[PDB]
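Protein chains: 6
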Amino acid sequence: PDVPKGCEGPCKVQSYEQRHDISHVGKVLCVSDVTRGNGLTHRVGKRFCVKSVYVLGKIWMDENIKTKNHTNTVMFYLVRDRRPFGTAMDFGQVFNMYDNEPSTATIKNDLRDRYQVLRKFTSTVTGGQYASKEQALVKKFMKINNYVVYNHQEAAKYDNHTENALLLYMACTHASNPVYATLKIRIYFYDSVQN
Amino acid sequence: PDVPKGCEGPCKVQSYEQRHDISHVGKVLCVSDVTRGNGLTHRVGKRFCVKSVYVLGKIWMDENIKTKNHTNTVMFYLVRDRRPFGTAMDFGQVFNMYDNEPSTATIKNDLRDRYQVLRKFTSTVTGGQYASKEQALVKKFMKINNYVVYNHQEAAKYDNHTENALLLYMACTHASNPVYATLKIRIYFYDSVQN
Amino acid sequence: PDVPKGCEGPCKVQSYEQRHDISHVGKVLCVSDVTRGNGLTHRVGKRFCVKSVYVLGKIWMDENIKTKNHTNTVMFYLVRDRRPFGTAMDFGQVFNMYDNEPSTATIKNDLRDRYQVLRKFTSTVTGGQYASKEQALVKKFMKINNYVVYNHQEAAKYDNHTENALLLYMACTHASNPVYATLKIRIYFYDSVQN
Amino acid sequence: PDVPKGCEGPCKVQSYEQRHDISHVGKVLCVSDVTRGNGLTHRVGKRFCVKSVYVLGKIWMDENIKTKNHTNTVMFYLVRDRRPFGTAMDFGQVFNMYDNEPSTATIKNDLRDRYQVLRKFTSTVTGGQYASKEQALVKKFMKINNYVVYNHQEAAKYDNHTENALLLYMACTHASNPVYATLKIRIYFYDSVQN
Amino acid sequence: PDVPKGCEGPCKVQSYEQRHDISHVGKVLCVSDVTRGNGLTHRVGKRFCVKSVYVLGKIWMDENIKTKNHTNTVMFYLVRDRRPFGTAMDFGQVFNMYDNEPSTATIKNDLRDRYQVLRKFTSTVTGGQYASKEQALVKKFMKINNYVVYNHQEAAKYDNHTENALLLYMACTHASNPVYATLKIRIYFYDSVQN
Amino acid sequence: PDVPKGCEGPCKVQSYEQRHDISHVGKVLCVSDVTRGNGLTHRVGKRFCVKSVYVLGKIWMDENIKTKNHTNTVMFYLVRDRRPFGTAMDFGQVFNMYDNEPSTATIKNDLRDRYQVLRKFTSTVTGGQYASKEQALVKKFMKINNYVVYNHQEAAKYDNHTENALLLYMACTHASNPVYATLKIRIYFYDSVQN
DNA sequence: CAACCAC
DNA sequence: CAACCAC
DNA sequence: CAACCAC
DNA sequence: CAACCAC
DNA sequence: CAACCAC
DNA sequence: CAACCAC
DNA sequence: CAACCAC
DNA sequence: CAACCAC
DNA sequence: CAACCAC
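Residue numbers (the deposited numbering), protein chains in the order written: chain B, 63 to 257; chain F, 63 to 257; chain A, 63 to 257; chain B', 63 to 257; chain A', 63 to 257; chain A'', 63 to 257. A prime marks a further copy of an entry chain.
Since the hints were made in silico from the structure, they are not lab data. Check the hints yourself; a few may be wrong.
Chain copies aren't distinguished; within one or between two, either way the pair holds.
Listed below are the simulated DSS-like cross-link pairs for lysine-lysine, each with C-alpha atoms no more than 30 Å apart in a straight line [stated by the list, open to error]:
1. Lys74 with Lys170
2. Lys182 with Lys202
3. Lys130 with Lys219
4. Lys195 with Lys113
5. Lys201 with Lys219
6. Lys89 with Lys205
7. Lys195 with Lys67
8. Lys182 with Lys130
9. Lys74 with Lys201
10. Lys195 with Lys74
11. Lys130 with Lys113
12. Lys246 with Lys108
13. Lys89 with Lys219
14. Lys113 with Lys219
15. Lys74 with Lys202
Go ahead and model the full structure; you've got the sequences and the hints to work with.
Below is the structure:
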């Protein structure tokens with residue numbers, strides 16, 4: 063039961079260790095960016111299956127910001143988009159929402175067929191002068207059998223793939239002040255035998 | 063399994079993206095206000111079936127209000143009236159309650175046959191000078207097999223209704239200060255074949 | 063047996079009566095174009111199923127061209143793109159081939175996933191000073207259950223298409239002279255019930 | 063068992079409330095006149111099935127006429143005509159009869175294949191100086207599963223349909239003086255899925 | 063096995079030996095014409111069943127025409143109209159087509175219900191100065207159980223026809239020159255027992 | 063059903079888009095040539111299975127050649143040699159034949175064991191001053207499970223081949239003039255698991 | 001069978 | 001269980 | 001699962 | 001489900 | 001069906 | 001399948 | 001099979 | 001039952 | 001059903 067259908071070989075990892083600075087406008091990153099090559103943690107051919115994503119790390123408030131009394135959450139929309147073209151679209155223009163508000167957000171009407179939300183998961187942080195909740199921990203494993211397809215070329219970029227691009231979209235709920243998110247996004251995949 | 067009884071065609075959506083300023087008196091809006099027309103997100107006949115309501119968004123406090131130390135829950139009441147007539151009745155004259163208190167709110171004895179509460183749900187928010195819970199995220203998917211009927215005229219209003227009509231009543235529990243609720247109310251409906 | 067799966071209603075028709083002047087470079091047209099409306103020969107919803115395409119007409123030479131001793135054939139590639147964006151792509155840039163020769167034509171290696179060749183069918187014409195053959199008849203019915211989607215907006219254009227979309231690509235085999243093609247491309251479809 | 067075969071959707075009504083002034087020569091009206099459009103009580107496509115006709119109202123004598131001692135009946139021939147062309151033919155020239163007499167009337171020999179009588183129903187009124195029967199009531203429901211076909215255009219006119227036109231033919235039995243008939247003819251129909 | 067349903071008697075024949083000079087505009091003839099009478103090759107009743115049509119003969123060029131380097135084909139559309147009225151309609155006004163091109167010909171959208179194409183069968187001829195092909199043979203048997211009706215009167219004319227009626231429509235593909243067609247159109251029928 | 067026995071992975075493609083100028087002597091090319099590498103369209107191991115060959119393109123005359131009254135045909139012998147050594151052998155020395163006539167061609171008696179003719183398929187062209195036929199289309203798909211081996215080294219050459227190896231041999235039937243052949247020879251293979 | 005229309 | 005690693 | 005959209 | 005009311 | 005790519 | 005030779 | 005006519 | 005509306 | 005005509 064370990065390896066999925068249409069794909070074979072050892073379960074290959076790929077990590078995206080990064081400190082993401084989050085805003086109200088919303089940040090994006092492509093989680094299914096795999097370079098091609100003979101090396102370990104590379105894809106072999108143009109086709110592979112991402113079995114599971116493991117998001118883990120911490121969301122936290124800056125030292126000058128944490129004094130100010132407020133609350134903010136981040137949403138973590140893991141969305142698959144079929145038909146990925148050019149640059150990855152911004153959070154604001156993919157998601158329909160009232161007054162640029164991430165809590166009210168759903169996929170736009172025109173491109174609802176294109177993009178689908180696989181997971182969303184709120185993580186909340188509260189500021190305070192005398193008593194803050196500076197940080198909150200993220201530990202979300204998620205099994206999502208997602209088959210992707212690349213071009214003839216290889217550079218682990220959003221442009222280079224042409225099917226089921228997996229995108230992580232983040233957005234801070236509070237409008238004024240930002241928050242940081244130190245995250246390891248770890249994607250687990252297998253190389254496809256099909257085609 | 064997808065389409066309800068006596069219904070046809072694609073699952074049409076209708077959205078009510080809005081910032082509602084809530085009070086102790088209570089605010090109302092009809093969630094079934096949909097126009098008749100050939101286009102998408104329009105009804106075709108006078109009858110149609112609402113399958114599910116997806117309320118999602120945020121409830122939040124203003125900057126001058128959040129300093130003042132208090133708590134308030136917003137009560138969301140989803141009611142169906144079997145009989146609409148004229149404009150929609152205010153929260154005070156539908157629900158009976160001690161001293162206009164929405165936590166004690168149930169339907170009046172006279173019009174208990176008329177109005178029925180399908181779902182109710184709360185959302186707490188706490189203000190504070192040095193440490194606050196400024197906001198709370200409302201997310202609520204509610205499935206209800208509700209058949210609604212309209213007049214011959216087609217303008218998407220509570221006046222044009224007949225038989226059932228889905229009303230959302232929102233009320234702040236605290237007396238003096240108000241709160242905002244930035245909400246997307248999304249109704250999912252199908253066009254009817256019956257009569 | 064008549065209507066396909068997930069679609070309903072009367073078999074609606076659409077036609078493209080037009081004289082297409084062909085070159086070696088390659089002409090294109092989108093056969094799945096159909097505007098939205100309450101009237102006949104219009105899609106109701108954004109989704110619809112094309113069940114069958116009926117190409118019929120004539121491919122013919124001009125009076126000054128036919129006198130010259132040569133032969134030319136037209137290929138007629140009916141292709142479906144699962145990802146339409148903006149303007150319909152040119153023949154030369156979709157099909158890779160030696161020296162832009164349409165008889166040596168297959169889909170490019172990059173976008174082999176996007177474009178699929180549903181049908182090809184040649185039609186041949188021979189021009190000579192005395193021993194001539196001015197014209198040739200085309201009569202090709204071809205059945206394909208093909209579910210195309212549109213944007214929210216209503217206009218018969220390849221821009222507005224989404225998910226599946228049909229494209230007829232025509233290209234003359236001989237380099238240094240053209241041929242005309244008077245063709246009724248007819249298309250038979252049904253309105254979708256799904257989503 | 064409600065909706066007939068080959069047709070679907072809500073049962074749509076169409077009414078013809080009118081005061082028909084009847085003569086010996088005979089009056090006609092097309093009962094299956096349905097305009098096409100998105101609106102309520104419109105047809106959707108060119109094809110629909112009339113399930114049932116409900117004729118109701120009153121036949122009555124004028125104030126100066128009712129003094130004169132006589133009797134007259136009206137026949138109410140509900141006839142389907144296949145092959146409707148141009149204007150609707152007059153009662154006198156469709157029906158063969160002795161000396162322009164409606165009581166002796168049957169369909170003409172040439173166009174017996176074209177026209178068929180679905181219903182006839184006599185309604186009788188008697189005049190008198192000192193004691194009249196001024197009026198008589200009509201209440202005739204009639205179930206007649208009749209599939210009709212329209213042109214590409216739409217205006218709810220006899221010319222605009224090309225199959226199974228339903229015509230009501232009235233004719234006063236007494237030669238000299240006329241009678242009035244205030245009638246609601248109400249036709250019940252469903253939109254066709256076939257073709 | 064021989065005689066069709068609802069008809070009886072000896073298989074009566076009828077023939078139309080005639081040189082039909084063809085154009086680009088389109089020539090027509092009614093093959094179901096047969097006068098009423100006690101003699102042979104006459105219908106007895108107003109109804110009769112045409113069981114089969116046997117078209118045979120030659121399609122040929124003139125001596126001055128054949129010298130010119132060109133090609134032309136004739137279409138031979140055998141159609142049944144279920145509603146005959148007056149004179150037989152012209153080819154151009156029944157079949158819609160781009161620039162009156164008979165190879166791009168199908169029945170008009172308005173009267174698609176009235177006219178049905180039972181058979182089409184092309185016949186091709188190539189004219190040249192030396193490398194010529196003056197003529198081409200036509201030999202097409204085609205079986206169709208077809209119940210036609212007449213008026214009360216007795217004359218082999220399309221005027222007098224009613225219910226089904228057969229029409230052969232002929233049209234030359236090339237525009238600027240004619241072709242001759244010496245054709246025996248033969249038709250085999252039986253007298254109806256029904257009605 | 064898709065992948066052959068003893069081989070695995072995605073169906074890798076290889077192409078040979080080239081204008082082959084043909085003579086009476088006989089041109090050759092090795093269609094099984096494929097270099098070793100981690101990239102796409104490369105064999106991984108020394109062994110691999112060619113499942114199918116798709117020849118498509120055009121065979122055509124030059125402008126000065128076509129005017130002369132003659133005919134020529136090309137044979138297209140697809141042969142497998144089970145013993146490749148060095149450079150690919152010439153057409154004349156493999157096939158024995160009277161006066162180097164390629165239509166009278168079969169494998170020599172000495173090396174009948176080595177070479178086997180898998181497919182032959184003619185393509186004919188006729189040149190004339192006025193009554194010409196400049197070109198002819200080739201479209202030949204042909205499926206053969208064919209396990210080829212290589213040397214230790216990595217280069218797409220017949221030298222490096224071992225065990226089975228494919229060779230396309232082309233030869234013009236007419237002696238005193240050439241013909242061009244613009245051909246995409248495409249080949250579909252899978253990497254071997256055995257040994 | 002022809003090409004959404006009919007026996 | 002934790003997260004391609006192992007009992 | 002998240003929310004009429006796809007796998 | 002929310003609470004004697006309806007679907 | 002066309003030609004490793006898809007319903 | 002091509003044409004006594006092979007998978 | 002040819003084309004209402006026959007073995 | 002009355003007439004596309006509902007028990 | 002209304003009356004040789006059609007569904």
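What are the numbers of the hints the structure violates, in ascending order? Failing hints, ascending: 3, 4, 7, 10, 11.
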